[PDB]
Every structure is written in C-alpha cells, then in structure tokens.
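Next up: a single chain in structure tokens, the form deposited in one PDB entry.
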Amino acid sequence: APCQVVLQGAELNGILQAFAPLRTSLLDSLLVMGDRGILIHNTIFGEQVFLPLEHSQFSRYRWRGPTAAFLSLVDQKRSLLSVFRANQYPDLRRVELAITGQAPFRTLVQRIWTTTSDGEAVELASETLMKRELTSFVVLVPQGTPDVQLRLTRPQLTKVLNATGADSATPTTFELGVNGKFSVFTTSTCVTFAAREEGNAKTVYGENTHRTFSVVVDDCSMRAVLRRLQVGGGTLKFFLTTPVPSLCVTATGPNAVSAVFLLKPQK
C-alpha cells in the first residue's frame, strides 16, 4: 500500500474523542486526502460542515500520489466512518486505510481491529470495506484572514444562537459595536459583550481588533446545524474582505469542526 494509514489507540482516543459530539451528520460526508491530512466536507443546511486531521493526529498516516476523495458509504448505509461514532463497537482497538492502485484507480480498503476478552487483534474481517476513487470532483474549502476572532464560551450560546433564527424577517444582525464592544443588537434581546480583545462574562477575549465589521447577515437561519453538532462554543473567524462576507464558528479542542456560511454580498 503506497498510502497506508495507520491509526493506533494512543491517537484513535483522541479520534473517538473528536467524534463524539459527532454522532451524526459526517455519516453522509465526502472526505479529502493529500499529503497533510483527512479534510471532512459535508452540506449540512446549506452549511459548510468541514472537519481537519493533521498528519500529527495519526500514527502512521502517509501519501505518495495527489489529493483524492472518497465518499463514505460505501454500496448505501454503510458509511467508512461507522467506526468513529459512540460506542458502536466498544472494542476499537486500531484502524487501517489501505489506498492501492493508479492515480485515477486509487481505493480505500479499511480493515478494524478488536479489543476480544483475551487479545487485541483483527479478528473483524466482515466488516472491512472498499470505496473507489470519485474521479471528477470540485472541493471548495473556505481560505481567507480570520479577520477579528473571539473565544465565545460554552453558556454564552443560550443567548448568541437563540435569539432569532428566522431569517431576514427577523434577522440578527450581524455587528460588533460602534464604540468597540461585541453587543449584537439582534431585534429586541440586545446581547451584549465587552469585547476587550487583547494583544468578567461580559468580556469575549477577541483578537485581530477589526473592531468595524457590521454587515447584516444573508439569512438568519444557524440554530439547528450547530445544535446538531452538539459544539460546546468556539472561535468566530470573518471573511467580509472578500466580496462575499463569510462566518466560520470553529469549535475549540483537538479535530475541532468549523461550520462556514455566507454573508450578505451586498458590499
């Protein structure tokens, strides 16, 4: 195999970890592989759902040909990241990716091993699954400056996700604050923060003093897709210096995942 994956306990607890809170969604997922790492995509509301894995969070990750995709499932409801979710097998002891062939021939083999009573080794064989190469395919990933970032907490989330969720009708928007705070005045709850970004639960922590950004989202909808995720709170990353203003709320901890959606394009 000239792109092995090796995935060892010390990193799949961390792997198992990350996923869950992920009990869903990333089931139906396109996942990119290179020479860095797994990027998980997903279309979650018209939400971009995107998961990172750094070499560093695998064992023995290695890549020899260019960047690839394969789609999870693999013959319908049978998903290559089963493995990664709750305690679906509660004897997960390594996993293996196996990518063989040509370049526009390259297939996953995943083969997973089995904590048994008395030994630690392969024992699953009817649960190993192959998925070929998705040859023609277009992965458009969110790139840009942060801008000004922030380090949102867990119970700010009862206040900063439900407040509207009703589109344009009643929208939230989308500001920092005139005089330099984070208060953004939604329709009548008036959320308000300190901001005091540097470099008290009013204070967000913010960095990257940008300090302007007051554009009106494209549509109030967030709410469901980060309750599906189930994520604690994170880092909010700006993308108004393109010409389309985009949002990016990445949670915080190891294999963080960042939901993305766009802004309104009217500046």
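Residue numbers count along the first chain shown, from 1. Basically, rigid core = biggest C-alpha set you can superpose within 1.5 Å across the two forms. Compared with the form deposited in another entry:
- No residue in 82, 100, 128, 168 other than 168 shows a CA shift of 2 angstroms or more between these two forms after fitting the rigid core.
- Once the rigid core is used as the reference frame, the Cα position of residue 223 differs between these two forms by less than 2 Å.
- The rigid-core alignment places the CA of residue 153 less than 2 Å apart between these two forms.
- A displacement of less than 2 angstroms separates the C-alpha positions of residue 258 between these two forms, with the rigid core held in common.
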Second form
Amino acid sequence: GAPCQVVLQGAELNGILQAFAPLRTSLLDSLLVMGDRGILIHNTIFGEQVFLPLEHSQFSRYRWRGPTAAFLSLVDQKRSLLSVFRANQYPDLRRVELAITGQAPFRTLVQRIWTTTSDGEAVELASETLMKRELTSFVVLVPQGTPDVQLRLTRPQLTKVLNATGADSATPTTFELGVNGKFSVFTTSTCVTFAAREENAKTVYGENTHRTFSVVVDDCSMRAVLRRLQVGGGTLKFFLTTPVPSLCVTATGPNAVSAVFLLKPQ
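Show the form deposited in another entry, please, because up to now only the form deposited in one PDB entry has appeared in this conversation.
What follows is just the one chain, with no partners and no other molecules.
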C-alpha cells in the first residue's frame, strides 16, 4: 500500500465525528499539516488564528514516512476534504482512509469513504472520493512553548467572560490576575471576578496561580470567534514572557479546538 496511510473506523471514527460535531462549517476552508505526530489543522476566523490538532493516537491506524506535508482543504475550489466529518454529511459513515503517495514536494493525498449497508456490510462510496496534491511550498506560523498561566472555565464562567468582554475597539478589555487568586475580566462598563486556585460557581482551577499579571486586548474579536467555534468551556492560556503577549483559548468539550488572540501592550 501507500508509504503514508491514516485510517478511521468504529470507536476512533466516532471520536473524530464528536470532535467535528460542534465545529460545523468553521474548518472547511483550512490548511492541513501532516507529520509523524498527527494532523494539525489551521485556519483564521475574523482575522484571529485557529488550530485543531488531531494526534496520531486518535486514529485506527497512523503511519508516516518522509517530510511534513501540507494540503489546502478545498479541492477544485468547491468540495472540502473535511466535509466527511460534518455532523450529518454522510449518516451511514463506517470508515475513512487517507492515502498519501509519491515523492516530495509532489505527493498526492487521496481520501476514501465507506458506508454501512445491508447486514452492516461496508461499501466504498466511490463518487465522493477526493484527490489533492501537496503545496509545492508553504509557510505556517504555530504556537510553541509553555504558557505562563493556565485557568480552566466551565460552560458558565466562560460565557460570563465572553459577555463581560468589550464589544469593539472603542472599549478595550482587561484580563487580570491579582493577589490571592483574584481573576477578573473588565472594561469601561462590565466586570466579572473569580477565585482561582491550584489544580462553587465563582471557583476557578489553574496550573500557576501565583503569577500575577494584567493584560489588555483592544480589537477584541474573541466573543465572535469562540461562539462561532461553539466553545463549551475551555482553558485560558496566557503567554506573558514575550514581546507581544498572547491568549490561547483551548476548548475542553468534545472538540479540542484552540484560538489564539494577540494582546497589548507588554
């Protein structure tokens, strides 16, 4: 068979379907980046950076050889490679393969699809097959390192923070962590406060509560982005030891999607 092969069926396929179910149409136009670690999916929503890592551990079979590969999700500017994972696209779906063949930088990905039929038997849904050659060259910029602070918020709490965020550049939003774990988010009007502690509606759990900080965002798309992505509770991850500080919000529901927002001024 192919030198590079990825397979989903049964429990692993149900895992990926559950991961895409809340994401709806938000990832259909995107960059797929593939290597020995897994598939990293990249997009920008309202100008903000968005990532979905799929680890090799989440596939029925995952086998890779040779360099990293990158593919744009759109085929012939119409159909998306990621369509198969939308919540109701193929109701009878049973198994999915990616086969990647050839020599860099001219490898081709072929995606194949199987559905359930009489007596539960698999049939290849051959009309739906997609083929895409890798990008001849590409550059993508990715997060790296460990965040200075991490805080976990529920389905409530996170929706309170999003509502407390300023509506526009006319009113910037401050995120702050004060003495004795007093997490707060506020602007010229709205304010919310929580009690952070190390790893009850006011309580928050985090990895590094001692590191006090205060940071601003002043063109804040994040209430648009995180509701577009339907994030049902997540981890706020702060990068503070950096010329442009950043907030990465990672979802903690069925979806492990992350969005990264640049902060100000520090």
